[PDB]
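A.B. asks: Okay, here's what each chain looks like letter by letter:
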Amino acid sequence: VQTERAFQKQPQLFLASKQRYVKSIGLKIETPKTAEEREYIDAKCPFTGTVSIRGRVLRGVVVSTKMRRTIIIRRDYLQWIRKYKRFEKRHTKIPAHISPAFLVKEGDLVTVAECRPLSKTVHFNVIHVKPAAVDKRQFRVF
Amino acid sequence: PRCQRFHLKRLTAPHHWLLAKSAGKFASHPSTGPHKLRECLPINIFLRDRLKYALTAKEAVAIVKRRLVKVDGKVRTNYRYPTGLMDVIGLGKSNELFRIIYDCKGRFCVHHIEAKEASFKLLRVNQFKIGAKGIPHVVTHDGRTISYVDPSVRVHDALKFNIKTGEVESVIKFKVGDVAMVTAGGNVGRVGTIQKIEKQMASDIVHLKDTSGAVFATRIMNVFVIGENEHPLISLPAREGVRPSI
Amino acid sequence: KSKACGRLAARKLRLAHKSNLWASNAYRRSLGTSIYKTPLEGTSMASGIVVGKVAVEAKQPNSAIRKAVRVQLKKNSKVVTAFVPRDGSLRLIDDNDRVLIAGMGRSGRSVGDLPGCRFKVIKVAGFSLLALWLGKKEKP
Amino acid sequence: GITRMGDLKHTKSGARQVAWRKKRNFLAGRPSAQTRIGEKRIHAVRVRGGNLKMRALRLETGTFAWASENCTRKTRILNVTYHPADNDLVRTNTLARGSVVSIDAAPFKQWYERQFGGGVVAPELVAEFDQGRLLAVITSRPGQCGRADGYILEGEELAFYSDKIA
RNA sequence: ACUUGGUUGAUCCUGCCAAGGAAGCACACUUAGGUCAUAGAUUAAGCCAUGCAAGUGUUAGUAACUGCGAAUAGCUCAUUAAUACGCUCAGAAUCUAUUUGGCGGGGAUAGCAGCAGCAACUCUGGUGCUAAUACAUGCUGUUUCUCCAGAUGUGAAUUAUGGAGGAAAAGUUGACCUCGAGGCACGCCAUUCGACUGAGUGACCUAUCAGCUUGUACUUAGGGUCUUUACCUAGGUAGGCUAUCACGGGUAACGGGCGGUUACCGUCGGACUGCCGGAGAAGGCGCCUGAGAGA
RNA sequence: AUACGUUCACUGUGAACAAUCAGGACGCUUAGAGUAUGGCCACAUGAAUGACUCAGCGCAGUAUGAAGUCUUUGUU
RNA sequence: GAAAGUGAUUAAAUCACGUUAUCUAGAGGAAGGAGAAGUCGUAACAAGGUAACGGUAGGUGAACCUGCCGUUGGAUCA
Numbered sequence: 004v005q006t007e008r009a010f011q012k013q014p015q016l017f018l019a020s029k030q031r032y033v034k035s036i037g038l039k040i041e042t043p044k045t046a047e048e049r050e051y052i053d054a055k056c057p058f059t060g061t062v063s064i065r066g067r068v069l070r071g072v073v074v075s076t077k078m079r080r081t082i083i084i085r086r087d088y089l090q091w092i093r094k095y096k097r098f099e100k101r102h103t104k105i106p107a108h109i110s111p112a113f114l115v116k117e118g119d120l121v122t123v124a125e126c127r128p129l130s131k132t133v134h135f136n137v138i139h140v141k142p143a144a145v148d149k150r151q152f153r154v155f
Numbered sequence: 002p003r004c005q006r007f008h009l010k011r012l013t014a015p016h017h018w019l020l021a022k023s024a025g026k027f028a029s030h031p032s033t034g035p036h037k038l039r040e041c042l043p044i045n046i047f048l049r050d051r052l053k054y055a056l057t058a059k060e061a062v063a064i065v066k067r068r069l070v071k072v073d074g075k076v077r078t079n080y081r082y083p084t085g086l087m088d089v090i091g092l093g094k095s096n097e098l099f100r101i102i103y104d105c106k107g108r109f110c111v112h113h114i115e116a117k118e119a120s121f122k123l124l125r126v127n128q129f130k131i132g133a134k135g136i137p138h139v140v141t142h143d144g145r146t147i148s149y150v151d152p153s154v155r156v157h158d159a160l161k162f163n164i165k166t167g168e169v170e171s172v173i174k175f176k177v178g179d180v181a182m183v184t185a186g187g188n189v190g191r192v193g194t195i196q197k198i199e200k201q202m203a204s206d207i208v209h210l211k212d213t214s215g216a217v218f219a220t221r222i223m224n225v226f227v228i229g230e231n232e233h234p235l236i237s238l239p240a241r242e243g244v245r246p247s248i
Numbered sequence: 003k004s005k006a007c008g009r010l011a012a013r014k015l016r017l018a019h020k021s022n023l024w025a026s027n028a029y030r031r032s033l034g035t036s037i038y039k040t041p042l043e044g045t046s047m048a049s050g051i052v053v054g055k056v057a058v059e060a061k062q063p064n065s066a067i068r069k070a071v072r073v074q075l076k077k078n079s080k081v082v083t084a085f086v087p088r089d090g091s092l093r094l095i096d097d098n099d100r101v102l103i104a105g106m107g108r109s110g111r112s113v114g115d116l117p118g119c120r121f122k123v124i125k126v127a128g129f130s131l132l133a134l135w136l137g138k139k140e141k142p
Numbered sequence: 002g003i004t005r006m007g008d009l010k011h012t013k014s015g016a017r018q019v020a021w022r023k024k025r026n027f028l029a030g031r032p033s034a035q036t037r038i039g040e041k042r043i044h045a046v047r048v049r050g051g052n053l054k055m056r057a058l059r060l061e062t063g064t065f066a067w068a069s070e071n072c073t074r075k076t077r078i079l080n081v082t083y084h085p086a087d088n089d090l091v092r093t094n095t096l097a098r099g100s101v102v103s104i105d106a107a108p109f110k111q112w113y114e115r116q117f118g146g147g148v149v150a151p152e153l154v155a156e157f158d159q160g161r162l163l164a165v166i167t168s169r170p171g172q173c174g175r176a177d178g179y180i181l182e183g184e185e186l187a188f189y190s191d192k193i194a
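Protein chains in written order, with PDB author numbering: chain L, 4 to 20, 29 to 145, 148 to 155; chain E, 2 to 204, 206 to 248; chain X, 3 to 142; chain I, 2 to 118, 146 to 194.
Just so you know, these hints were derived from the structure itself, not from any lab. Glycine is no exception: its CB is placed at the ideal position from the N, C-alpha and C atoms.
Ranges between beta-carbon positions, derived for each pair: (1) E:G144 - I:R77: 42 to 52 Å; (2) E:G135 - I:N26: 33 to 43 Å; (3) X:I67 - L:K94: 52 to 62 Å; (4) E:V156 - I:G146: 43 to 53 Å; (5) E:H8 - I:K54: 27 to 37 Å; (6) I:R25 - L:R70: 35 to 45 Å; (7) I:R25 - E:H8: 23 to 33 Å; (8) E:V156 - L:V154: 29 to 39 Å.
Throw the hints in and build the complete structure from the sequences for me.
C.D. replies: Structural data, given as structure tokens:
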């Protein structure tokens, strides 16, 4: 459904005299079933829209579900320190765009992979969710 | 901000070339060409510090401009022209034919060869694409755009190339059980028979074998498929990319 | 025991170490800087014009008057007392000359019997006292 | 000049960011074309790597395109009714991309009888065709391209934008 | 892989202070010879007389014009606390003179000739001509939009390419040197030297710096750019960072390869470092020419 | 129904990534250095290797240490 | 197919406010250290001639004194 001033339109498709464009992203991901039976458009989705996925592929637990079609991960990594022969827990808050194909709560691990810049902060896009139930603030390395 | 810069220093010049740390600061910057900066070897350096004909660099720029030298059919009066892997070098006056090709260790060597062999050369497919009227065409490790190339010509295939006419006579297919000289990294300059090809998700690995019976991997882009099953399509050096080991 | 030993505990060890350096007086003196507000200005040798000649005397038990000149410096325009070594030597220095001053050699602090002053006169008029005291160079 | 550079602006964390260098001609913005209607003229612009972005200042006609029938005629643009970004583009009749502008369609009407007398047509469009001013969208980039052209407004789109005007 | 003098009448301790070894600036006294390396960084990125440092002629464009160069090299470390630098990736979001390989298809001025003006300069006015691989002319593609298909190629593109339509000139039209050979254009695709955009991540102190942030954070549409993005302008939400140290302050802070000290672990220094990358030309700021400059 | 049935950390192995430092060869008259130099009949060479090194990448091994495991009833 | 004009934009420069940091003048005030065998006491070390010492309140030239409550590092391991 199309609320705003501009008419929202699925690109690369002509009505002629509904249809939906759907894309296999590859790298071992099953292109999920709810993309193929749902009214949303989004050009910044991997599957429906026009964003090609490429390069580095991350995992981490979700913090925020607050913005429209954007979430925040925290990647969670150990840093070896040479002197003290011992690691320390570090983290990094990585904001990442979501397709409305997915259904994402707070506090569940996802995967992401990078694309072109969609904003200042966003350069990543969600390609697979695992659900989790039920919290965040665990430190979890993968 | 950096631009395209003329003055190559020694030290920063590559470790192929066997340059003195002394004998001045600057080395000869290669001109732009088919081959890259790092892999190549100019013909200013070729006549100074292999065959040892031109003692000074003034004398080296003399003999290229007399037009005795021929890179690969053509004359080339430009000098400092990058020449690297499988290029023929015909030389006028006391004429000798060479092919430029790697040592055991990674260094360049220079090899007197028979004239009937020294017609042709090999050319690996780097990039395959379509363009102009549905026609497939191929770039090489030179940068020879071989258009109207035949089928069974995919990436990492060699092409034997006749030089007098712009032909592609054979095509040595990539496979298991096929000889391949490595041309970059740590295993640069080494012959191997290809036992395994490991596909790599996204951005792949290939495992090799000497006649001695050592074993070593590399990235796929480094291998140059030299000829089909033991016997290659080329005169190889002394030792034959085996490399000593005690 | 008496510290964190665990595998993940390297933030505790690194950050606790930074605190304990501020107890150490050498790290404290270097870092504070803290050295600039000094007549020397952190320079081993300084030069400038003599104001006059002063008698400062030793503490105890050593009864002796030491003879240290007052010297204005070139670069700061401050004034500071400065010892003159070797017997004679106050007579060799002359009034209102340029002199080169250096440190007492104690890396700061006040040295021998002599309190207050932390400075000795190396040269006068571009010559050096040892040469002058020995008399293998001259002054006009 | 006008800069395309973003280093000066604050981080995500909200930190006062500081320059380390001058402005640079990698990241040079230029002024807007502000592409109105009436009298054709163009200003050529040198860019990175030689080349020409032919910037269009004011354009009369545009090469518009009936999509469903496959037919496309050089047609005179009259006015901007609507634009989804700004109402300022409507007031001064600026041609941007996505700009909903009516067209005379004299050529399209001629096309229908010269072909036919197939065709069929829709009941919304015949309510438009009696006036002789079709709604249509500019799809080109007038400023970069220097040429403006767009397809006719039709189908489910033609319901939507007609409510936004009314 | 090292000890010794100093609190006591004497003792054993804790404990520093000195002594002791190295280098790196500076002062000093003294000095047969050889090779080799370095030398106005520390303070004043303060100021400069004079001389010189970027020009360029081939048997083959015609003193000039024309073509290319001058954006490199050289110098310095004042900014900069991570945006720079390093190290991994990435271009399916890009530009690229020159080389190299494919594919292609007549009139008007400069010196020269002449008349003048300034205290002065590597400033010129005005008339009288003539040059071309300079400039303009001229016997299917390029750019963009719409639609139908979407490869033998990729991890993946409704991508590459093909066909059917319209437009536009922003255009490929060897109008060419030297004696059958050498050389020079024009356009498009690649290639080469690179450039430029984005990501992850590493490290100097400070809590007598605990809250910071309004284009600030997302979204939809546009403008602009070589492209992607609050880069900038609109409409709609109210978000982002923070005790795993945000934000603020300090630096006698250019980063790195590395250098000095050492039994190991470390630790101090890094203008230079015989190299790499960045920044700056008295201080800001702006711009033309060009493949490339905020020179 | 002859390959598939958790991933990591950690270990081994493999890829990837100048000078200096360590180290091999060679009597620069020696040394610090340098990349040479040695054979009287046209020949033979050498300019290795390791470290620089944390992160990121692959296959193999599972002892230790993690995560994986929505149950007043879960999975196909 | 130049100059002049008008409106945009990037704006040096100067004028002015406001903080802010580093330096720096000040009659006086109140401390701290150093040095001369000054003056006034003699508080502490012995049951130091009222055992000392901690917290706190008041007082007096100065050390110190006294009140309330602690400790033994007491002069008692009873």
